[PDB]
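Take a look at the letters that make up each chain.
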Amino acid sequence: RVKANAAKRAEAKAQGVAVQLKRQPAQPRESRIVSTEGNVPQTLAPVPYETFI
Amino acid sequence: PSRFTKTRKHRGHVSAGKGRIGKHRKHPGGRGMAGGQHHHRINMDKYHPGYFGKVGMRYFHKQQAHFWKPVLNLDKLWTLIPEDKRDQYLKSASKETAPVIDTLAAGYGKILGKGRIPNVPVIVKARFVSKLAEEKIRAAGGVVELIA
Amino acid sequence: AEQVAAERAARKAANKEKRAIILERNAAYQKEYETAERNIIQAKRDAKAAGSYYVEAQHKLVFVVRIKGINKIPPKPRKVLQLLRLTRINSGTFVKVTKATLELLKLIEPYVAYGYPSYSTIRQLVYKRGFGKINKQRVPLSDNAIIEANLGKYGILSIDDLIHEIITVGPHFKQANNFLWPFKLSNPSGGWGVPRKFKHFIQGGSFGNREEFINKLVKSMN
Amino acid sequence: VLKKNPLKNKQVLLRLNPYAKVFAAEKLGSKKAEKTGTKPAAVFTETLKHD
Amino acid sequence: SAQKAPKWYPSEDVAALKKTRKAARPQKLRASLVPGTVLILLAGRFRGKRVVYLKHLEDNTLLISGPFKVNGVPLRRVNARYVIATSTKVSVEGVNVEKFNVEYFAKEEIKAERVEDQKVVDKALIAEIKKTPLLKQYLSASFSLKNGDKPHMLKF
Amino acid sequence: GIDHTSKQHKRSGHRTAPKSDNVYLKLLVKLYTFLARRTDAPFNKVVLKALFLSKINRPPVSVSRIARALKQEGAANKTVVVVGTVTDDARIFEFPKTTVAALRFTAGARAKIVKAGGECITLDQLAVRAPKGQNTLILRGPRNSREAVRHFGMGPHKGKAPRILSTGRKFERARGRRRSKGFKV
RNA sequence: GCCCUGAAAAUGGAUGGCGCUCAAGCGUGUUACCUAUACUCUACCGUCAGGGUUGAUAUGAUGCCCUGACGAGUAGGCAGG
RNA sequence: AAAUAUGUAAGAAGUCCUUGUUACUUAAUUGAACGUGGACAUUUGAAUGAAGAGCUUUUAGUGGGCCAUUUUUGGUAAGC
RNA sequence: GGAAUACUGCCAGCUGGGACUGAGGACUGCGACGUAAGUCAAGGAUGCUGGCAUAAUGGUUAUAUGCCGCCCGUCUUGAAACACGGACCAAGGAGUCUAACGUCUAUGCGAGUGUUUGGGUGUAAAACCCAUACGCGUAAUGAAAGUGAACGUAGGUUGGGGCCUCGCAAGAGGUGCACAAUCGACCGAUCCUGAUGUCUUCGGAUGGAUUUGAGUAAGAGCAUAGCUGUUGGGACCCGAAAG
RNA sequence: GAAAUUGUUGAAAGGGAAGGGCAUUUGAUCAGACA
Ligand SMILES: [Mg+2]
Ligand SMILES: [Mg+2]
Ligand SMILES: [Mg+2]
Ligand SMILES: [Mg+2]
Ligand SMILES: [Mg+2]
Ligand SMILES: [Mg+2]
Ligand SMILES: [Mg+2]
Ligand SMILES: [Mg+2]
Ligand SMILES: [Mg+2]
Ligand SMILES: [Mg+2]
Ligand SMILES: [Mg+2]
Ligand SMILES: [Mg+2]
Ligand SMILES: [Mg+2]
Ligand SMILES: [Mg+2]
Ligand SMILES: [Mg+2]
Ligand SMILES: [Mg+2]
Ligand SMILES: [Mg+2]
Ligand SMILES: [Mg+2]
Ligand SMILES: [Mg+2]
Ligand SMILES: [Mg+2]
Ligand SMILES: [Mg+2]
Ligand SMILES: [Mg+2]
Ligand SMILES: [Mg+2]
Ligand SMILES: [Mg+2]
Ligand SMILES: [Mg+2]
Ligand SMILES: [Mg+2]
Ligand SMILES: [Mg+2]
Ligand SMILES: [Mg+2]
Ligand SMILES: [Mg+2]
Ligand SMILES: [Mg+2]
Ligand SMILES: [Mg+2]
Ligand SMILES: [Mg+2]
Ligand SMILES: [Mg+2]
Ligand SMILES: [Mg+2]
Ligand SMILES: [Mg+2]
Ligand SMILES: [Mg+2]
Ligand SMILES: [Mg+2]
Ligand SMILES: [Mg+2]
Ligand SMILES: [Mg+2]
Ligand SMILES: [Mg+2]
Ligand SMILES: [Mg+2]
Ligand SMILES: [Mg+2]
Ligand SMILES: [Mg+2]
Ligand SMILES: [Mg+2]
Ligand SMILES: [Mg+2]
Ligand SMILES: [Mg+2]
Ligand SMILES: [Mg+2]
Ligand SMILES: [Mg+2]
Ligand SMILES: [Mg+2]
Ligand SMILES: [Mg+2]
Ligand SMILES: [Mg+2]
Ligand SMILES: [Mg+2]
Ligand SMILES: [Mg+2]
Ligand SMILES: [Mg+2]
Ligand SMILES: [Mg+2]
Ligand SMILES: [Mg+2]
Ligand SMILES: [Mg+2]
Ligand SMILES: [Mg+2]
Ligand SMILES: [Mg+2]
Ligand SMILES: [Mg+2]
Ligand SMILES: [Mg+2]
Ligand SMILES: [Mg+2]
Ligand SMILES: [Mg+2]
Ligand SMILES: [Mg+2]
Ligand SMILES: [Mg+2]
Ligand SMILES: [Mg+2]
Ligand SMILES: [Mg+2]
Ligand SMILES: [Mg+2]
Ligand SMILES: [Mg+2]
Ligand SMILES: [Mg+2]
Ligand SMILES: [Mg+2]
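Chains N1, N8, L7, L4, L6 and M8, in that order, give the protein sequences.
Everything in the first sequence is counted per the deposited numbering, starting at 108 for the first residue and increasing by one.
Everything in the second sequence is counted per the deposited numbering, starting at 2 for the first residue and increasing by one.
Everything in the third sequence is counted per the deposited numbering, starting at 23 for the first residue and increasing by one.
Everything in the fourth sequence is counted per the deposited numbering, starting at 312 for the first residue and increasing by one.
Mapping of the fifth sequence onto the deposited numbering: residues 2 to 109, 129 to 176, in sequence order.
Everything in the sixth sequence is counted per the deposited numbering, starting at 2 for the first residue and increasing by one.
The set of hints was computed from the structure by calculation and includes no laboratory data.
Backbone N, C-alpha and C fix where the C-beta goes; we use that ideal spot for every residue, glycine too.
Errors might be hidden in some of the hints.
What the hints assert, rightly or not - Listed next, with one range per pair, are the computed distances between beta-carbon atoms:
#  : chain 1 : residue 1 : chain 2 : residue 2 : range
1  : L7      : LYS94     : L4      : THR358    : 41 to 51 Å
2  : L7      : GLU59     : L6      : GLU59     : 45 to 55 Å
3  : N1      : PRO153    : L4      : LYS315    : 55 to 65 Å
4  : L7      : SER140    : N1      : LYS110    : 38 to 48 Å
5  : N1      : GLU137    : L4      : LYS338    : 28 to 38 Å
6  : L6      : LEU165    : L4      : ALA336    : 47 to 57 Å
7  : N1      : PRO153    : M8      : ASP4      : 41 to 51 Å
8  : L6      : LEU18     : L4      : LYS315    : 13 to 23 Å
9  : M8      : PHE153    : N8      : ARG12     : 28 to 38 Å
10 : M8      : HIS10     : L7      : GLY177    : 38 to 48 Å
11 : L4      : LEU325    : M8      : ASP4      : 34 to 44 Å
12 : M8      : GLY154    : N1      : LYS110    : 39 to 49 Å
13 : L7      : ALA31     : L6      : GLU59     : 36 to 46 Å
14 : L6      : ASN167    : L7      : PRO162    : 53 to 63 Å
What the hints assert, rightly or not - Pairs of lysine to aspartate or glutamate, DMTMM-like flavour, derived with a Cα cap of 25 Å:
#  : chain 1 : residue 1 : chain 2 : residue 2
15 : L7      : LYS82     : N1      : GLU137
16 : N8      : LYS126    : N8      : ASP103
17 : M8      : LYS116    : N8      : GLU84
Claimed, not checked - What the simulated footprint calls covered on chain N1 by chain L7, stretch by stretch (three residues with Cβ under 8 Å from a Cβ of chain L7 suffice, anywhere in the stretch; the number is not a length):
#  : segment
18 : 122-136
19 : 142-156
Let the hints inform the model, and build the full structure from the sequences given.
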């Protein structure tokens with residue numbers, strides 16, 4: 108990570124900064140739009156008691 | 002004085018600061034140096050290694066005096082001349098007329114070499130010297146004169 | 023010696039100058055907030071229109087209230103409650119949600135109530151029970167100069183600036199949020215709504231993530 | 312020497328936050344949102360009332 | 002000495018008061034209190050007496066009268082919180098009242133003017149009362165709570 | 002309740018006055034807390050505290066330890082300050098001029114310093130000549146040269162010297178101190 | 001599922017007692033309400049901490065002044081009285 | 001082959017360039033260890049917290065314990 | 001097709017009833033309202049009115065009433081215990097003094113320190129003065145005979161308050177006592193090496209070694225006094241069977 | 001000339017102990033402050 112951190116620091120500086128190279132935790136998810144096309148929702152229900160044996 | 006003392010402060014409490022359970026009793030671990038090799042050994046080794054057993058030769062009827070021989074280091078040495086006179090000898094450091102210091106007269110038995118005297122010449126009268134003390138004393142143009 | 027008015031001149035004009043900056047800044051935020059809400063609303067509406075589902079971003083900010091007293095508490099959750107600054111019953115703090123704090127929240131679910139706070143309740147938390155930490159010494163917010171003196175360095179030179187850094191989880195949420203002494207809340211005024219507090223919200227108890235239902239609780243407590 | 316709640320106490324309400332005056336002037340707390348009439352795709356309704 | 006002697010005494014200088022911020026503003030009365038309105042007195046010398054309300058004096062009190070010739074109560078001050086305001090009104094539009102204020106009752129038997137003022141105010145009121153049957157009788161009978169009466173229910 | 006994270010009602014641990022009853026000490030302290038409250042010079046803050054220190058925490062500084070310090074590069078014209086007493090040392094023969102400000106100078110110490118045409122100054126005189134401690138070199142003495150600390154940390158393999166009254170062969174030098182007698186330490 | 005049988009011990013006797021039967025019982029749901037030395041705000045005591053203040057010509061510089069937080073306790077320690 | 005528990009790491013005591021010292025070590029100025037000189041500052045290297053952190057001396061009482069959830073041995077069992 | 005309503009949420013929308021508090025004591029802040037003059041609810045209550053001026057309010061006390069409240073002391077895991085002591089009251093009644101000590105602190109002096117065995121002197125067990133010794137300290141290490149502390153600016157490295165220099169500042173560099181860590185040098189012991197030499201077996205220079213010391217490396221001690229702690233003493237007080 | 005303990009006088013309470021806590025009624029008693 109060090110050896111890499113040096114690089115993107117060079118790649119920034121030389122260019123004209125804006126780096127940000129601390130690690131960060133998993134962030135929560137952003138919004139998103141899920142389409143229904145090819146994928147209408149399947150409705151499930153709970154299933155009755157049964158024995159097999 | 003009694004007035005500043007914790008026992009004035011313990012008045013009214015039951016156990017005088019000695020505890021209710023353990024109590025204050027006469028001689029719990031035994032008296033004095035009891036227990037040394039048994040229930041007090043951990044304390045004795047640690048804090049007092051060396052304590053039990055013997056080393057070395059007995060000497061019957063030893064007379065300290067026989068071995069009286071105080072040390073003085075070059076360190077000092079010029080201290081054995083009073084200051085008024087000291088400066089007179091420090092400057093005009095020479096043969097022909099160099100100070101005689103009688104280190105036995107001052108009550109020393111051996112001259113040792115802790116460190117650095119000025120280049121001034123001294124005539125040093127003593128019973129014993131350490132090889133270094135003499136070397137150093139000489140490199141300033143002095144001598145040791147062995148007395149008794 | 024002038025100063026009489028002569029340096030009361032600088033001061034009053036400069037103070038006047040600041041309220042101006044605060045005035046336009048608070049106008050900005052209110053536009054920022056209300057188009058922020060409207061967009062999400064038209065998001066959902068557009069997505070239905072297209073035959074689709076707009077799934078909101080997951081919440082980035084939670085607000086945690088310690089619901090449990092100080093006795094008989096296992097070590098691991100005890101430490102976490104300390105680090106989240108919840109060391110007495112009914113006090114609360116804000117928390118930026120990342121994987122590394124989720125797991126904190128998880129370890130303390132039986133002792134806390136938390137959820138996603140609305141603008142209204144972050145605003146009324148801070149206007150009412152908001153206190154800075156200043157050379158320790160818990161100091162009430164009450165004047166904007168108190169804020170600018172300790173958070174100015176980060177932009178943030180007023181009370182609604184503070185709120186804004188909180189609710190939008192800004193680049194300086196850590197300094198901003200730590201600045202706020204943990205909030206000391208009362209017991210809920212109309213009560214807890216449940217017979218027994220110490221089971222999960224989902225089982226008719228009070229502890230855990232109750233999501234947006236936190237606003238009703240915290241308002242009743244504030 | 313006495314913490315005064317804004318929220319109740321217009322004096323310090325306005326001392327903190329000067330937007331309060333125009334906020335209330337223009338009502339703003341009761342903003343009328345633009346009436347728009349977009350309608351949901353059949354798909355959405357169908358699966359809403361699906362068993 | 003018997004006792005020693007402190008090494009520090011309080012100064013005996015008394016501080017000025019801080020500059021307090023407490024404007025007196027006018028007491029606005031509850032809507033039911035409108036001159037011409039009949040009041041039930043709830044306490045006092047004339048407790049239970051039904052009486053006509055005339056003016057809101059500068060010390061917040063209410064100027065009322067019996068009228069004296071009806072029920073025995075004179076032009077008089079009464080406190081607005083020891084009064085039940087009924088819903089029945091006599092018009093009070095020919096009753097002078099300008100004269101009557103706090104100093105008029107500066108404590109300082130009965131002065132000929134009070135005696136006289138009482139009659140000038142009452143003849144006008146009596147003129148108006150006659151316009152509604154039984155009102156005089158109403159005004160001359162005391163109010164009292166009867167078995168079963170529940171003030172928090174009753175309309176007055 | 003509060004789940005306290007740290008001891009309550011804890012005193013800071015630091016002296017705040019000296020334990021001494023000496024008026025003149027208390028006067029110097031009157032002086033230096035003033036200087037410390039009103040000058041933002043760090044020298045004054047350091048000096049204030051040293052005035053509070055107990056005798057152990059202010060070992061004597063010898064006049065030869067002073068001569069050394071003046072041998073630092075660029076330090077010869079500095080005025081050395083010692084918040085304690087200053088002692089003499091016949092082990093140095095040639096002692097420089099300078100100005101030493103201290104709490105006490107032994108007879109032989111002020112002699113040596115004065116014989117070289119230097120100057121002994123009290124701390125208040127120092128205050129007046131240097132309200133911000135300008136051009137000043139503070140020296141402290143050896144604290145851990147004390148005989149007491151010889152014995153701190155006594156225990157196996159620690160090498161720290163017995164609390165012992167008589168010494169000689171035959172005092173605490175056998176079982177436990179040599180390989181041939183039980184074991185060694 | 002509830003109820004009933006299966007169900008035997010010693011002074012008279014215990015859903016805490018009275019008593020209760022579409023309960024004042026059992027299962028479940030919804031409101032309201034009562035009240036801890038706990039929580040919120042405030043005053044006052046003390047403890048710890050951080051500030052301010054030698055400028056005389058009046059009285060405590062270990063003083064005075066501002067501010068914040070905190071307070072269970074046997075054995076035991078220390079402190080001020 | 002889990003879950004819970006558990007070792008280490010997340011930088012200035014860091015990273016890179018140049019090339020000095022030795023009796024060690026290499027076929028070898030090869031290496032190894034310690035260095036000189038030079039280049040890059042706080043998004044300098046995750047989170048949260050921090051009524052600060054480190055350190056020294058000395059000394060009291062104590063050294064019969066018992067209980068609850070969970071794991072769990074002996075015992076038919078036990079308020080064992 | 002077009003509305004209404006419920007539900008949930010928001011308003012820096014308005015407004016009524018009730019309760020508790022009113023700390024502070026000139027001014028000083030941040031504001032609000034006004035064209036202004038001024039005003040204000042803006043860094044902690046004022047205005048107006050009445051009653052009494054006294055046992056009225058308040059304190060104390062006895063009793064009554066609501067609710068609550070088991071004998072203390074002790075040892076104990078656990079005591080109100082069907083564990084022990086204690087009928088009652090006065091008065092007595094238990095960590096002390098001494099020898100020698102550890103740590104801490106105050107004070108005097110400081111490479112020293114300590115007048116009080118003794119002498120001198122006296123307003124006579126005091127106070128005042130003092131010569132020679134002695135004790136501890138200023139050297140260590142060896143069983144001992146013995147030997148005995150600078151390669152060097154009394155060393156290098158890293159951190160280091162403070163000071164110094166530059167800079168408006170932030171910062172940069174210089175110096176760095178104490179203290180800490182680390183690598184060396186010095187003295188003794190142990191082991192090895194064994195020069196110039198010699199009453200030919202004495203002598204032991206010199207350079208070394210995963211060895212070793214309560215050491216050196218520009219001294220810190222000595223004395224008096226106090227709290228706490230240590231050992232010997234009847235040893236906090238009272239108690240055997242015994243010898 | 002204390003206390004334990006006792007006689008008389010005066011006042012009060014007392015349905016198988018007494019004594020105690022928070023609060024107020026009632027009786028008795030009393031300081032202060034008003035001007
Ligand atoms: Mg003693
Ligand atoms: Mg005494
Ligand atoms: Mg005492
Ligand atoms: Mg005590
Ligand atoms: Mg105590
Ligand atoms: Mg006591
Ligand atoms: Mg105790
Ligand atoms: Mg004790
Ligand atoms: Mg006992
Ligand atoms: Mg022995
Ligand atoms: Mg020496
Ligand atoms: Mg539980
Ligand atoms: Mg957080
Ligand atoms: Mg409510
Ligand atoms: Mg309600
Ligand atoms: Mg309620
Ligand atoms: Mg329940
Ligand atoms: Mg509330
Ligand atoms: Mg349907
Ligand atoms: Mg005003
Ligand atoms: Mg009004
Ligand atoms: Mg009539
Ligand atoms: Mg030494
Ligand atoms: Mg039953
Ligand atoms: Mg029941
Ligand atoms: Mg039920
Ligand atoms: Mg109901
Ligand atoms: Mg309370
Ligand atoms: Mg409080
Ligand atoms: Mg306590
Ligand atoms: Mg772990
Ligand atoms: Mg761990
Ligand atoms: Mg923090
Ligand atoms: Mg801090
Ligand atoms: Mg201990
Ligand atoms: Mg112990
Ligand atoms: Mg022990
Ligand atoms: Mg035991
Ligand atoms: Mg438990
Ligand atoms: Mg007041
Ligand atoms: Mg006041
Ligand atoms: Mg009276
Ligand atoms: Mg009366
Ligand atoms: Mg009586
Ligand atoms: Mg009871
Ligand atoms: Mg017992
Ligand atoms: Mg038992
Ligand atoms: Mg008991
Ligand atoms: Mg029993
Ligand atoms: Mg017994
Ligand atoms: Mg008995
Ligand atoms: Mg007695
Ligand atoms: Mg004399
Ligand atoms: Mg005599
Ligand atoms: Mg003689
Ligand atoms: Mg020897
Ligand atoms: Mg030999
Ligand atoms: Mg090195
Ligand atoms: Mg530097
Ligand atoms: Mg350097
Ligand atoms: Mg050696
Ligand atoms: Mg050896
Ligand atoms: Mg020794
Ligand atoms: Mg020694
Ligand atoms: Mg003893
Ligand atoms: Mg016997
Ligand atoms: Mg016998
Ligand atoms: Mg025998
Ligand atoms: Mg008699
Ligand atoms: Mg009583
Ligand atoms: Mg009472």
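Okay, the hints, checked on the actual structure:
1. Between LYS94 (chain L7) and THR358 (chain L4) the C-beta distance comes to about 49 Å, which sits within the given range of 41 to 51 Å.
2. For the hinted restraint 45 to 55 Å between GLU59 (chain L7) and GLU59 (chain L6), the CB-CB distance of approximately 54 Å keeps it satisfied.
3. Checked against the hint of 55 to 65 Å, the C-beta distance between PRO153 (chain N1) and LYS315 (chain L4) comes to roughly 57 Å, which is consistent with it.
4. Distance hint check for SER140 (chain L7) and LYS110 (chain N1): the Cβ-Cβ separation is about 46 Å, which falls inside the suggested range of 38 to 48 Å.
5. Checking the proposed 28 to 38 Å range against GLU137 (chain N1) and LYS338 (chain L4) shows it holds: the Cβ atoms sit about 34 Å from each other.
6. For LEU165 (chain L6) paired with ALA336 (chain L4), a C-beta distance near 51 Å keeps the hint of 47 to 57 Å intact.
7. Range check, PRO153 (chain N1) to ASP4 (chain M8): Cβ separation about 44 Å, and the 41 to 51 Å hint holds.
8. A C-beta distance of roughly 21 Å is found between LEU18 (chain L6) and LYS315 (chain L4), which places it inside the suggested range of 13 to 23 Å.
9. Taking 28 to 38 Å as the suggested C-beta distance range, the pair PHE153 (chain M8) and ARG12 (chain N8) conforms, at roughly 36 Å.
10. At roughly 39 Å, the beta-carbon separation of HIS10 (chain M8) and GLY177 (chain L7) lies within the given 38 to 48 Å, and the hint holds.
11. At roughly 40 Å, the beta-carbon separation of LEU325 (chain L4) and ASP4 (chain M8) lies within the given 34 to 44 Å, and the hint holds.
12. At about 45 Å, the CB distance of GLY154 (chain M8) to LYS110 (chain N1) agrees with the hint of 39 to 49 Å.
13. At about 44 Å, the CB distance of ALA31 (chain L7) to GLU59 (chain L6) agrees with the hint of 36 to 46 Å.
14. Evaluation of the 53 to 63 Å hint for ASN167 (chain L6) and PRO162 (chain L7) yields a pass: the beta carbon distance comes to about 57 Å.
15. Between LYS82 (chain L7) and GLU137 (chain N1), the direct Cα distance comes to roughly 10 Å. Compliance with the 25 Å bound is thereby established for this hinted pair.
16. With a CA separation close to 5 Å, the supplied pair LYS126 (chain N8) and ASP103 (chain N8) stays within the 25 Å bound.
17. Straight-line distance between C-alpha atoms of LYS116 (chain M8) and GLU84 (chain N8) comes to about 12 Å, which keeps the hinted pair within the 25 Å bound.
18. Only residues whose beta carbon comes within less than 8 Å of a beta carbon in chain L7 count, and the segment 122-136 of chain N1 has 6; three or more means the coverage holds.
19. Counting residues of the segment 142-156 of chain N1 whose beta carbon lies closer than 8 Å to any beta carbon of chain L7 gives 3, which meets the minimum of three for the stated coverage.
When the structure is compared with the earlier hints, no violation turns up for any of them.
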